[PDB]
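*Asks:* Given next are the chains, with one letter for each unit.
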Amino acid sequence: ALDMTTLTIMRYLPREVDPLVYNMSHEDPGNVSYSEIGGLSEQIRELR
Amino acid sequence: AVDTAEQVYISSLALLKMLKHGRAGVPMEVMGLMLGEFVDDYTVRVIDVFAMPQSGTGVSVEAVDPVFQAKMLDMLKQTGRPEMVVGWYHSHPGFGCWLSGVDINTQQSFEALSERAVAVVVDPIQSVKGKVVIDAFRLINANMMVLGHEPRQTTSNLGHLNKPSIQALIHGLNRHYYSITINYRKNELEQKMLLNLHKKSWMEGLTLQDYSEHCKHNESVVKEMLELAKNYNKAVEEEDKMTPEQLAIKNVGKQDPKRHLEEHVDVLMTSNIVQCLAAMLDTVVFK
Amino acid sequence: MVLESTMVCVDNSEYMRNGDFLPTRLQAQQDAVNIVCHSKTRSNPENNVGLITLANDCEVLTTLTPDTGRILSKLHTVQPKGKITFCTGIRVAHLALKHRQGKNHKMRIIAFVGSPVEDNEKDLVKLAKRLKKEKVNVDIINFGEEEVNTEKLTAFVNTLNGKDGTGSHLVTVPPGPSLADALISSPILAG
Amino acid sequence: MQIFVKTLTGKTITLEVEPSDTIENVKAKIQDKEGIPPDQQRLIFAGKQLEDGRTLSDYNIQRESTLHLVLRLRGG
Amino acid sequence: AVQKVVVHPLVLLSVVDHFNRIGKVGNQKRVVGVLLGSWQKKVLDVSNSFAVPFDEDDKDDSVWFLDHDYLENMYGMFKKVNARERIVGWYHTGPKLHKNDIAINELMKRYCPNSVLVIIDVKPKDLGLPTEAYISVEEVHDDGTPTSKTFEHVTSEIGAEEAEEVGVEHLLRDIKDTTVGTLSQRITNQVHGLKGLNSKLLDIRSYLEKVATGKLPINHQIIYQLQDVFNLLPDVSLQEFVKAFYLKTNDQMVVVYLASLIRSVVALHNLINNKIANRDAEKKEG
Numbered sequence: 099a100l101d102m103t104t105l106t107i108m109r110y111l112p113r114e115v116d117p118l119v120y121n122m123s124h125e126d127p128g129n130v131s132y133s134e135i136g137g138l139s140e141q142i143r144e145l146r
Numbered sequence: 024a025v026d027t028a029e030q031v032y033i034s035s036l037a038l039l040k041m042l043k044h045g046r047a048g049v050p051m052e053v054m055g056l057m058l059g060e061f062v063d064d065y066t067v068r069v070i071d072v073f074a075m076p077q078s079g080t081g082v083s084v085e086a087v088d089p090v091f092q093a094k095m096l097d098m099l100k101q102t103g104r105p106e107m108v109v110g111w112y113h114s115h116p117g118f119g120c121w122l123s124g125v126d127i128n129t130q131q132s133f134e135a136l137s138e139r140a141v142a143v144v145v146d147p148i149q150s151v152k153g154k155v156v157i158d159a160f161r162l163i164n165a166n167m168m169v170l171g172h173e174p175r176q177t178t179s180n181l182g183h184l185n186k187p188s189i190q191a192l193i194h195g196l197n198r199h200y201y202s203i204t205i206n207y208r209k210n211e212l213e214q215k216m217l218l219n220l221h222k223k224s225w226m227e228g229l230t231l232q233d234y235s236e237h238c239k240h241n242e243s244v245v246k247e248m249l250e251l252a253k254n255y256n257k258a259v260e261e262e263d264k265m266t267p268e269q270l271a272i273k274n275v276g277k278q279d280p281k282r283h284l285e286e287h288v289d290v291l292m293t294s295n296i297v298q299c300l301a302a303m304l305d306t307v308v309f310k
Numbered sequence: 001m002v003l004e005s006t007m008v009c010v011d012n013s014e015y016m017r018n019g020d021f022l023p024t025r026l027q028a029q030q031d032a033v034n035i036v037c038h039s040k041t042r043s044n045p046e047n048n049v050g051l052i053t054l055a056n057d058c059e060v061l062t063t064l065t066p067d068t069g070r071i072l073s074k075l076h077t078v079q080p081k082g083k084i085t086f087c088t089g090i091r092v093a094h095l096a097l098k099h100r101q102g103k104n105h106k107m108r109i110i111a112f113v114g115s116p117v118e119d120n121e122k123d124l125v126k127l128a129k130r131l132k133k134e135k136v137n138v139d140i141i142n143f144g145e146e147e148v149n150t151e152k153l154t155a156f157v158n159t160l161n162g163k164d165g166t167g168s169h170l171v172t173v174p175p176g177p178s179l180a181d182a183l184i185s186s187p188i189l190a191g
Numbered sequence: 001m002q003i004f005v006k007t008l009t010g011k012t013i014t015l016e017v018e019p020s021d022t023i024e025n026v027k028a029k030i031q032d033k034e035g036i037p038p039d040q041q042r043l044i045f046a047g048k049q050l051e052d053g054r055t056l057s058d059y060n061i062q063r064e065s066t067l068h069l070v071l072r073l074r075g076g
Numbered sequence: 005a006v007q008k009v010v011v012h013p014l015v016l017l018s019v020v021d022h023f024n025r026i027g028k029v030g031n032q033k034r035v036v037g038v039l040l041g042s043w044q045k046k047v048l049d050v051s052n053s054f055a056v057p058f059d060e061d062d063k064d065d066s067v068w069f070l071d072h073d074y075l076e077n078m079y080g081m082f083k084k085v086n087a088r089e090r091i092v093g094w095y096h097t098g099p100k101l102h103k104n105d106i107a108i109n110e111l112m113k114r115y116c117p118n119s120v121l122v123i124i125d126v127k128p129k130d131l132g133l134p135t136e137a138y139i140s141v142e143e144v145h146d147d148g149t150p151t152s153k154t155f156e157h158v159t160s161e162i163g164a165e166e167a168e169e170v171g172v173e174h175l176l177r178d179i180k181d182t183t184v185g186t187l188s189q190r191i192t193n194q195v196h197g198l199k200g201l202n203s204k205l206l207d208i209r210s211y212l213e214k215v216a217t218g219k220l221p222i223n224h225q226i227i228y229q230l231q232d233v234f235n236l237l238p239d240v241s242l243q244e245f246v247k248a249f250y251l252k253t254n255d256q257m258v259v260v261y262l263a264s265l266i267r268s269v270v271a272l273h274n275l276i277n278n279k280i281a282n283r284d285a286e287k288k289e290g
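Residue numbers (the entry's author numbering), protein chains in the order written: chain E, 99 to 146; chain c, 24 to 310; chain b, 1 to 191; chain u, 1 to 76; chain Z, 5 to 290.
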């Protein structure tokens with residue numbers, strides 16, 4: 099970050115995250131259990 | 024009425040401290056307080072200056088402890104410095120030199136408290152080894168000047184030697200105040216010091232450079248001469264073949280071998296001469 | 001009222017461990033100091049006080065300070081040791097009185113004597129006379145054993161404040177009850 | 001009563017006051033005397049700052065005491 | 005411990021200001037003060053200083069006055085406006101060592117276990133350098149003399165900062181300098197060398213008089229050192245060393261010959277340009 103009247107370094111900062119990535123970082127109903135999926139346990143084993 | 028000629032004498036120490044303090048608050052208008060005496064109607068002399076505890080925000084600063092000032096000042100007297108306050112100074116980085124807005128207000132109360140006050144402004148970031156940028160001001164009267172009265176009296180050329188810059192005119196120097204000329208007056212003893220300030224010990228002067236490594240440098244430069252001689256022959260051959268300035272204008276990229284050839288002399292010379300002389304001396308002075 | 005600078009030059013020689021006064025001469029003097037300096041500051045608030053001690057060297061313990069407590073907490077843990085040395089003490093107190101903060105004050109020295117003084121008389125007469133022309137006032141308590149030092153001190157004070165100067169005293173005391181109780185408050189306001 | 005207040009310049013001022021006066025009244029008198037605005041000036045006594053909210057008796061300002069005045073130092 | 009010490013100009017100007025000011029408080033011939041600084045990797049840097057009251061009764065040692073609780077108070081007042089810097093040592097402006105300063109040092113050492121002394125002589129009477137550096141040590145003896153507490157020498161120099169050398173150079177409008185290149189070599193490293201070496205040998209010369217019953221031989225140590233000096237100095241320039249010398253002188257001069265030749269050819273070339281240009285334009289403008 100630069101001072102605007104005279105342009106000298108004043109502070110360094112961490113990397114940004116663009117609001118799009120922030121939003122798609124953590125929105126989820128996120129609560130169904132494996133109990134609610136029936137009839138394809140074999141695929142679940144293959145994937146995990 | 025104030026005479027045009029009156030000087031400000033600043034005492035060499037104060038200047039060094041003003042710089043080493045200004046070039047630290049790099050982007051901020053650090054400020055401080057300045058001590059001296061009013062010798063006469065044609066003089067003011069500043070003898071020392073000291074900093075304060077202060078805080079600011081880039082757009083401003085001010086000092087926070089009022090007690091510290093009176094305590095420091097009353098302490099100093101115990102060691103021969105009874106002088107009192109005559110003014111203050113603050114640094115403008117890169118802007119230039121002038122008083123603006125708030126700086127007039129804090130200034131003007133000094134003049135109600137003590138006539139003949141002085142405000143100084145220094146710029147530490149444009150300055151360079153040859154010259155430092157300093158100015159000293161005082162406020163014009165609080166108008167009642169529709170009378171067209173001059174602010175000052177004149178009975179000498181002594182005040183009209185200098186040309187005011189465009190920048191201060193933009194911010195209005197002759198419209199609201201006036202400049203006063205800075206002058207230096209070093210005493211005997213400090214100037215005796217100031218020349219010693221670079222002397223280097225006798226131990227070194229008699230010392231020889233290594234003879235190896237030295238020979239290496241000689242062979243380096245001599246083998247560097249070749250390419251320049253080769254290029255020089257062509258550069259001699261081709262000139263006057265075109266219009267005169269179109270020599271230089273077409274020689275902005277590639278180098279011109281004359282200068283690079285010439286300035287490798289003054290490296291064989293100087294070096295070889297001084298080494299042979301120093302050896303030739305000290306072969307006698309020791310046994 | 002008059003503004004005064006006072007240095008109290010305690011004595012700490014070996015002889016201070018003996019027991020003429022009841023607890024031991026060290027406690028015989030500390031209370032006296034405690035009362036005299038209270039008197040100096042309460043007499044007028046901006047008087048100020050300092051502390052020196054006499055051993056095989058002289059030593060300064062606290063320069064002219066307006067708050068008495070600095071001295072008191074300082075005087076503790078001074079230890080009886082070595083041999084007294086009178087002249088050097090008075091000299092170094094003269095030096096330290098020049099550098100007072102406000103030259104409008106006039107100045108005094110107080111000292112407690114508690115041992116034999118191995119000094120030659122004719123040295124005291126010189127010191128006294130130059131101190132005479134420097135306007136420094138001295139004031140001696142022969143606190144400890146009166147003998148041996150009884151004469152030299154008296155002739156000294158005479159040669160100093162004599163010529164009818166009258167501003168400088170000698171006072172002396174046998175073994176008995178407290179210095180501050182019986183003695184110091186008696187002769188004049190202090191000293 | 002009379003009270004002496006002195007400044008970093010070496011000039012000195014004498015004021016007349018009564019013990020029930022507050023600090024603000026002091027500063028107002030100073031402004032009347034010299035033209036400094038009341039918000040700029042800071043006062044000192046016995047090595048601690050003065051503040052409004054109190055009477056001059058409250059700090060035990062005695063007859064013929066001495067006060068220090070020091071100005072606000074602002075720049076920007 | 006310390007290997008070298010570096011001084012900034014602001015200290016030297018401060019010293020001189022103090023020396024000139026004292027006349028308003030006393031008549032003494034010396035002044036004393038405190039050095040604020042910092043250091044790293046055994047290189048010590050002194051940056052700033054303030055002076056504290058001191059006094060001494062000239063006619064004797066052992067009778068001197070030095071004000072503690074002013075020093076402590078100032079050190080507190082400074083720390084509040086620059087946290088970078090800490091007590092490091094002390095300076096005095098006498099031209100020569102004094103008997104009692106070891107007893108000053110043992111006082112002020114309570115403020116810093118490593119403390120260093122700098123002598124800043126304010127009135128030079130020679131070509132030289134304005135500072136000297138000393139540190140305190142204990143010496144054993146071979147004579148069975150008891151352990152001695154004594155000073156030891158440390159090499160010193162002036163340093164600089166970009167924010168100051170601008171001011172120094174703005175102020176150095178006093179005299180000539182910078183006689184460039186070959187002009188400045190021989191002055192700066194022959195004449196002002198020989199003058200120094202001569203002054204040193206005169207000093208030894210004078211000391212070896214006092215030993216004519218004026219003073220006791222201070223130690224056989226100093227005599228052993230002198231014998232090393234007169235033993236070490238280079239062998240007589242009389243052997244085949246001479247051959248080795250001639251070789252390098254030939255090689256040193258040959259390249260000079262070459263360069264001088266180059267130097268002349270360019271002058272001829274410039275001559276021709278000047279000649280033709282002149283005459284041609286002349287006839288043209290006629």
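Read the hints as simulated data drawn from the structure, not as lab findings.
Be careful, since some hints might not be right.
Unchecked claim - Once the Cα atoms are required to be at most 30 Å apart in a straight line, the calculated DSSO-like pairs of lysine-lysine come out as: (1) Z:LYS129 x Z:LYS103; (2) b:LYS103 x c:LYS100; (3) c:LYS94 x c:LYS152; (4) c:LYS209 x u:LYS6; (5) Z:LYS46 x c:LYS222; (6) Z:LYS204 x Z:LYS214; (7) c:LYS223 x Z:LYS219; (8) Z:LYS153 x Z:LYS103; (9) b:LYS163 x b:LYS126; (10) b:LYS135 x Z:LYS63; (11) Z:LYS100 x Z:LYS219; (12) c:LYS152 x Z:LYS127; (13) c:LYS310 x Z:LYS127; (14) b:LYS83 x Z:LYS127.
Said to hold, decoys possible - One-sided and incomplete, this derived list gives chain Z residues near chain c with beta-carbon spacing under 8 Å: (15) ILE26; (16) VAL29; (17) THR186.
As the list claims (entries may be wrong) - FRET-style restraints, in silico, Cβ to Cβ: (18) c:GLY81 x Z:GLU166: 19 to 29 Å; (19) u:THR9 x Z:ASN31: 28 to 38 Å; (20) Z:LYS28 x u:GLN2: 51 to 61 Å; (21) E:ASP116 x Z:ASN86: 36 to 46 Å; (22) u:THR9 x Z:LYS28: 35 to 45 Å; (23) Z:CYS116 x u:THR9: 52 to 62 Å; (24) E:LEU118 x Z:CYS116: 39 to 49 Å; (25) Z:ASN86 x E:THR103: 45 to 55 Å; (26) c:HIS221 x Z:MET81: 30 to 40 Å; (27) b:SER185 x Z:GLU110: 17 to 27 Å; (28) b:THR65 x u:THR9: 52 to 62 Å; (29) Z:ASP73 x c:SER224: 36 to 46 Å; (30) Z:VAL195 x E:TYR110: 48 to 58 Å.
Backbone N, C-alpha and C define an ideal beta-carbon position, used for all residues, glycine too.
*Asks:* Evaluate each hint against the coordinates.
*Replies:* Results for each hint:
With a C-alpha separation of about 23 Å, the suggested pair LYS129 of chain Z and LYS103 of chain Z falls inside the 30 Å cut-off, and the hint holds. Of the pairs offered as hints, the one joining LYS103 of chain b and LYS100 of chain c holds, with about 12 Å between alpha carbons and a cut-off of 30 Å not exceeded. At most 30 Å may separate the alpha-carbon atoms for a hinted pair to count; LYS94 of chain c and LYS152 of chain c exceed this at roughly 37 Å. With a C-alpha separation of about 34 Å, the suggested pair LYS209 of chain c and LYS6 of chain u falls outside the 30 Å cut-off, and the hint is violated.
Distance restraint check for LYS46 of chain Z and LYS222 of chain c: the Cα-Cα separation of roughly 24 Å lies within the 30 Å cut-off, and the hinted pair is therefore satisfied. For the proposed pair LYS204 of chain Z and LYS214 of chain Z, the alpha carbon gap of about 17 Å is at most 30 Å, so the pair holds. For the given pair, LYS223 of chain c sits about 35 Å from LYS219 of chain Z by alpha-carbon distance, which is inconsistent with the 30 Å threshold. In summary, the hint linking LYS153 of chain Z to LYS103 of chain Z is supported, as the alpha carbons are separated by about 12 Å, within the 30 Å threshold.
Using a Cα cut-off of 30 Å, the hinted pair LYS163 of chain b and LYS126 of chain b holds, with the two alpha carbons roughly 16 Å apart. Distance hint between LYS135 of chain b and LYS63 of chain Z is fulfilled; the C-alpha atoms sit about 21 Å from each other, no more than 30 Å. Under the criterion of a C-alpha separation no larger than 30 Å, the hint pairing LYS100 of chain Z with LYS219 of chain Z is consistent with the structure, at around 19 Å. Of the supplied pair hints, the one linking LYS152 of chain c and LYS127 of chain Z holds, its CA atoms being roughly 28 Å apart against a limit of 30 Å.
With a C-alpha separation of about 35 Å, the suggested pairing of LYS310 of chain c with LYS127 of chain Z is violated against the 30 Å cut-off. Straight-line distance between C-alpha atoms of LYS83 of chain b and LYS127 of chain Z comes to about 43 Å, which puts the hinted pair past the 30 Å bound. Here the hint on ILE26 of chain Z is kept, as its CB sits about 6 Å from the closest CB of chain c, short of 8 Å. Taken as an interface hint, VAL29 of chain Z checks out: its beta carbon lies about 5 Å from the nearest beta carbon of chain c, inside 8 Å.
With a cut of 8 Å, the hint placing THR186 of chain Z at the interface with chain c holds, because the nearest CB-to-CB distance is about 5 Å. A beta carbon spacing of about 24 Å between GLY81 of chain c and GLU166 of chain Z agrees with the range 19 to 29 Å that was offered as a hint. Range check, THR9 of chain u to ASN31 of chain Z: Cβ separation about 31 Å, and the 28 to 38 Å hint holds. Judged by the Cβ atoms, the range 51 to 61 Å given for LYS28 of chain Z and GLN2 of chain u is violated: they are separated by roughly 32 Å.
Distance hint for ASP116 of chain E and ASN86 of chain Z: a CB-CB separation of about 43 Å, consistent with the stated range 36 to 46 Å. Under the hint 35 to 45 Å, the C-beta atoms of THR9 of chain u and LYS28 of chain Z, about 21 Å apart, miss the expected range. In this structure the hint that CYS116 of chain Z and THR9 of chain u lie 52 to 62 Å apart at CB is violated, the actual value being about 39 Å. Checked against the hint of 39 to 49 Å, the pair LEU118 of chain E and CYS116 of chain Z fails, with Cβ atoms roughly 59 Å apart.
At about 26 Å, the beta-carbon gap between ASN86 of chain Z and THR103 of chain E misses the expected band of 45 to 55 Å. Range check, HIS221 of chain c to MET81 of chain Z: Cβ separation about 34 Å, and the 30 to 40 Å hint holds. Our hint of 17 to 27 Å for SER185 of chain b and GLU110 of chain Z is violated, since their Cβ atoms are close to 41 Å apart. For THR65 of chain b paired with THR9 of chain u, a C-beta distance near 30 Å fails the hint of 52 to 62 Å.
Between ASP73 of chain Z and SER224 of chain c the C-beta distance comes to about 40 Å, which sits within the given range of 36 to 46 Å. For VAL195 of chain Z and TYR110 of chain E, the hinted distance range of 48 to 58 Å is satisfied, since their beta carbons lie about 54 Å from each other.
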